[PDB]
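Peer 1: Spelled out, the chains give:
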Amino acid sequence: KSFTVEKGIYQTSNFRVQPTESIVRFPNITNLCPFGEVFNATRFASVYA
Amino acid sequence: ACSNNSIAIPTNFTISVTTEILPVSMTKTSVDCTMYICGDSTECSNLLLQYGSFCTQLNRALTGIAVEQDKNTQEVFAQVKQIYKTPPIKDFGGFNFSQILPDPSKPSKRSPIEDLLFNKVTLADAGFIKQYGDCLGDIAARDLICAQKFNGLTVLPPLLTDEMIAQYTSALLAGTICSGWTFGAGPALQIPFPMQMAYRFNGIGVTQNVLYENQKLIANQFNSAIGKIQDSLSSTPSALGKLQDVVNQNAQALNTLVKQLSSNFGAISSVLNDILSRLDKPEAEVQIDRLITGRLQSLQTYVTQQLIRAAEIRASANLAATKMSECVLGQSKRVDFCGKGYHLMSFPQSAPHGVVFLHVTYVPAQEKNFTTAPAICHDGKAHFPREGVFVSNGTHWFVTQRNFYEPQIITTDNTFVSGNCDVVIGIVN
Amino acid sequence: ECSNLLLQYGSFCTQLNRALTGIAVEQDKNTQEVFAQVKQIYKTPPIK
Amino acid sequence: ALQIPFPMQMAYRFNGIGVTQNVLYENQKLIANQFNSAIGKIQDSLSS
Amino acid sequence: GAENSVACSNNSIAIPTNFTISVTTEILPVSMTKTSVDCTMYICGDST
Amino acid sequence: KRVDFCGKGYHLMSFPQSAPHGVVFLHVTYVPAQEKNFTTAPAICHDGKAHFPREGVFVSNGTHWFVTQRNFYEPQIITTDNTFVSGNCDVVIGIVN
Amino acid sequence: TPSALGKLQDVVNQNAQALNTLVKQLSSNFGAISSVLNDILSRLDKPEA
Amino acid sequence: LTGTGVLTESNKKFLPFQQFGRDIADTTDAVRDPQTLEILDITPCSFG
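Here the protein sequences line up with chains A, B, C, D, E, F, G and H, keeping their order.
Residues in the first sequence are numbered consecutively from 304, following PDB author numbering.
Residues in the second sequence are numbered consecutively from 706, following PDB author numbering.
Residues in the third sequence are numbered consecutively from 748, following PDB author numbering.
Residues in the fourth sequence are numbered consecutively from 893, following PDB author numbering.
Residues in the fifth sequence are numbered consecutively from 700, following PDB author numbering.
Residues in the sixth sequence are numbered consecutively from 1038, following PDB author numbering.
Residues in the seventh sequence are numbered consecutively from 941, following PDB author numbering.
Residues in the eighth sequence are numbered consecutively from 546, following PDB author numbering.
No wet-lab data here; the hints were simulated from the structure.
For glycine and all other residues, C-beta sits at the position ideal for the given N, C-alpha and C.
A hint or two may mislead.
Okay, derived cross-link-like pairs now, EDC-like style, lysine to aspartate or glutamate, Cα gap no bigger than 16 Å in a straight line [unchecked claim]:
hint, chain 1, residue 1, chain 2, residue 2
1, B, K1086, D, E918
2, B, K786, E, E702
3, G, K947, A, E324
4, F, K1045, E, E702
5, B, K1038, F, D1041
6, G, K947, E, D737
7, B, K790, E, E702
8, H, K558, H, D568
9, B, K1045, C, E780
10, B, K825, B, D936
11, G, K964, H, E554
12, G, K947, B, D936
13, B, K786, F, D1041
14, G, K964, H, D568
15, B, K776, G, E988
16, B, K947, C, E748
17, F, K1045, B, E780
18, D, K921, B, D1127
19, A, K310, G, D979
20, H, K558, H, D586
So the derived label-pair ranges between C-beta atoms look like this [to be verified]:
hint, chain 1, residue 1, chain 2, residue 2, range
21, D, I931, F, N1134, 52 to 62 Å
22, A, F306, H, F562, 48 to 58 Å
23, D, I931, B, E1092, 47 to 57 Å
24, A, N331, B, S974, 38 to 48 Å
25, B, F802, E, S711, 17 to 27 Å
26, C, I794, G, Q949, 38 to 48 Å
27, H, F562, B, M869, 21 to 31 Å
28, C, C760, E, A701, 52 to 62 Å
29, A, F306, G, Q949, 31 to 41 Å
30, B, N919, C, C760, 25 to 35 Å
31, F, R1091, D, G908, 40 to 50 Å
32, C, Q784, E, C743, 21 to 31 Å
33, G, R983, B, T768, 51 to 61 Å
34, B, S758, C, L752, 26 to 36 Å
Residues from chain C shown here face chain B by an in silico Cβ test under 8 Å; the list is partial [stated by the list, open to error]:
hint, residue
35, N751
36, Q755
37, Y756
38, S758
39, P792
40, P793
Please work from the sequences and hints to get the whole structure.
Peer 2: Laid out in structure tokens, this is it:
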């Protein structure tokens, strides 16, 4: 925090490697998920069953 | 009871090298606050810099603990800048120092007693290179301690390494072999063992002529006591259990600090990815502000606990600096200070994040009862000896010191007049 | 239900209960180092 | 633990202070009355 | 430091012939700043 | 008397010079400067009885024996005042007639 | 040399810099909207404040 | 803002660009107005 530095070893900061790009391993299939079918159902059941 | 006409003086001793195993230092944890609190993330680091100068003072406090352990390491081991190197093993009077000098066979400078002590204290693979250096990818999975990558425990090696702690303690050894206490007082000198060990019996009141008769006996008791320490360290963990409790307290706090990495503290997960996704956040960011805030207070409780522990390590390590300065570089007159019993010398055989002072102590073992006299009424005056209380076999009076039994002849020169016979109650003709 | 919320904070007060246990054992061992210098008991001498 | 006669151990309990042994050796009863007045004053000054 | 020689013997004594007096300063922190905080007016601004 | 607490060689004295928030000590320390190797014995032998010195050590130039105190090198003459009789000569290793 | 009187100078900057890092710690926001009293008074009504 | 303190004029370096501001410890430190062209830092009302 000052512009004068005394004599010794001063533990400033540490580092880690920056990424290069984003890699996405999706499942390679096109499909609409069945939440369109489950929520739009005519028959629902009673709560104990 | 406290007998008026009888006196008991001890007449035999044991050279019991009492091992007072002491924590001079600790694991030199200098954790980055962004690595424990954030891992590799930086939105967390902006949340941590909203508190400003906590982790500046927390990292500066652990930095002062690590620099303080370097100061403890330098006030204990680096007392002198007159290093005597490791000598050829000759003319030591039979005192077998083969386990405490460094070995020539093994490529490191650690000693066979240090080959006992560096091999039973498990560090549980705590370091910098073991989990961080080779691990760009998956290297050495199912380790004994895990996920220090998300902890960032920069465990610094000590500035004096174990071969260079062995170099300093071998210099402090060869100072004690052929120097007195004079090697710590600037210019270092040379003096052999009958006079040097005669000087170290002389400071606690033992007369130095006992050693010249009993040099073989003190040498055999001392090397058999080193053999009993070596067999006890080969057999039981009860001696090293003080620093084993220190390393288990430290590593228990470290993998406990990993269990506070695991814990929720009221949150839904140990990860921060639940809000860091593409919805608009005028109010949604405030959720993981409090959820990360539940995780933030674990480190200050840790470094408060480790700072009261570092004050305890600093008290025992200023005690250890006082023990090198007054037991190795001198001889302490303080009662029950350098281990139990009257101190003779001490040897600093090293340890993982600790030092094992081998306090050679003079402990008496056998006790005998004798009669006594207050003074001798020789020619109408009260006669007194120079140093010591009176003992007697019943007809012949002798004078001895309080840690060993020696008989002294009643002469003209050893008696001085410091009073008359009538003012002294119960004087003996 | 408070206990289920209290174990949800991991091991804060596991460390505080171990710390207060260490304080209670610490007053036991300060009693050991201050008072119990030797464990054997000598008899009281007579007033004479 | 051993047994030493009492004015002999009083003769050298102040030998670590520096002054020579005839302070409390010759005056057993007089400086004993001084320490008796001291413990009387301390018994009044700690009982009250 | 610098490497010295280890010489060991049977009966040798080294009674000194001359002496040097040298004076050095030794520095200790002793006391500290008398800080006292009014706890009410400090926390959360200049309003009560 | 505590080694490297206040003392360096000896401890003589110090001066409590004041300072803001503390004190500065000034220890007059002590260095033994020049030493030479001598030959000594624990006792000297006169008439079949071992003579011990009071506060001295027996030193020799090579031919003749002298006595002085342990802390300064200025030898004096071995007399009956500086020595006292304790034991006999046949139990002392390295005794000189 | 400035190497002498080092630890009294060190406890003077420990006390002075500890007092001064207490004073600049009142710029730290602590999870609020600001560290300033006046922003928290002026921006909000009292039950939200 | 609310300031309980002694009010006195100041002669600081100013711009129309730098019209408002606070201290590094977040007291009031930069005020400009067309009524009285001086700057204002609120020294408190001799509190202690």
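Peer 1: Please verify whether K776/B and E988/G have alpha carbons no more than 16 Å apart.
Peer 2: With a Cα-Cα distance of about 51 Å, the restraint between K776/B and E988/G is violated, given a limit of 16 Å.
Peer 1: Is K558/H close enough to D586/H, meaning Cα to Cα at most 16 Å?
Peer 2: Within the cut-off at roughly 13 Å; holds.
Peer 1: Do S758/B and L752/C keep their Cβ atoms within the hinted range of 26 to 36 Å?
Peer 2: 32 Å, holds
Peer 1: Check whether the Cα positions of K1045/F and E780/B lie no farther apart than 16 Å.
Peer 2: 15 Å, holds
Peer 1: Can you tell me whether the CB distance of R983/G to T768/B sits inside 51 to 61 Å?
Peer 2: 38 Å, violated
Peer 1: When you check the alpha-carbon spacing of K921/D and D1127/B, does it fall within 16 Å?
Peer 2: 14 Å, holds
Peer 1: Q755/C was flagged as interface toward chain B. Is the shortest Cβ-Cβ separation under 8 Å?
Peer 2: Holds: closest Cβ of chain B sits about 6 Å from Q755/C, inside 8 Å.
Peer 1: With the threshold set at 16 Å, check whether the alpha-carbon distance from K558/H to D568/H stays at or below it.
Peer 2: 15 Å, holds
Peer 1: Just to be careful: measuring from the Cβ of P792/C to every Cβ in chain B, is the smallest value less than 8 Å?
Peer 2: Given a least distance of 4 Å, the restraint on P792/C holds.
Peer 1: Can the restraint linking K964/G and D568/H be considered satisfied, given a maximum Cα separation of 16 Å?
Peer 2: 10 Å, holds
Peer 1: Compare the distance between the alpha carbons of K786/B and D1041/F with 16 Å, and conclude whether the hinted pair is satisfied.
Peer 2: 15 Å, holds
Peer 1: Within 40 to 50 Å: is that where the Cβ-Cβ distance between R1091/F and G908/D falls?
Peer 2: 22 Å, violated
Hints 3, 4, 6, 11, 12, 15, 16, 19, 22, 23, 24, 26, 27, 29, 30, 31, 32, 33 and 35 from the list above are not met by this structure, while the remaining hints are.
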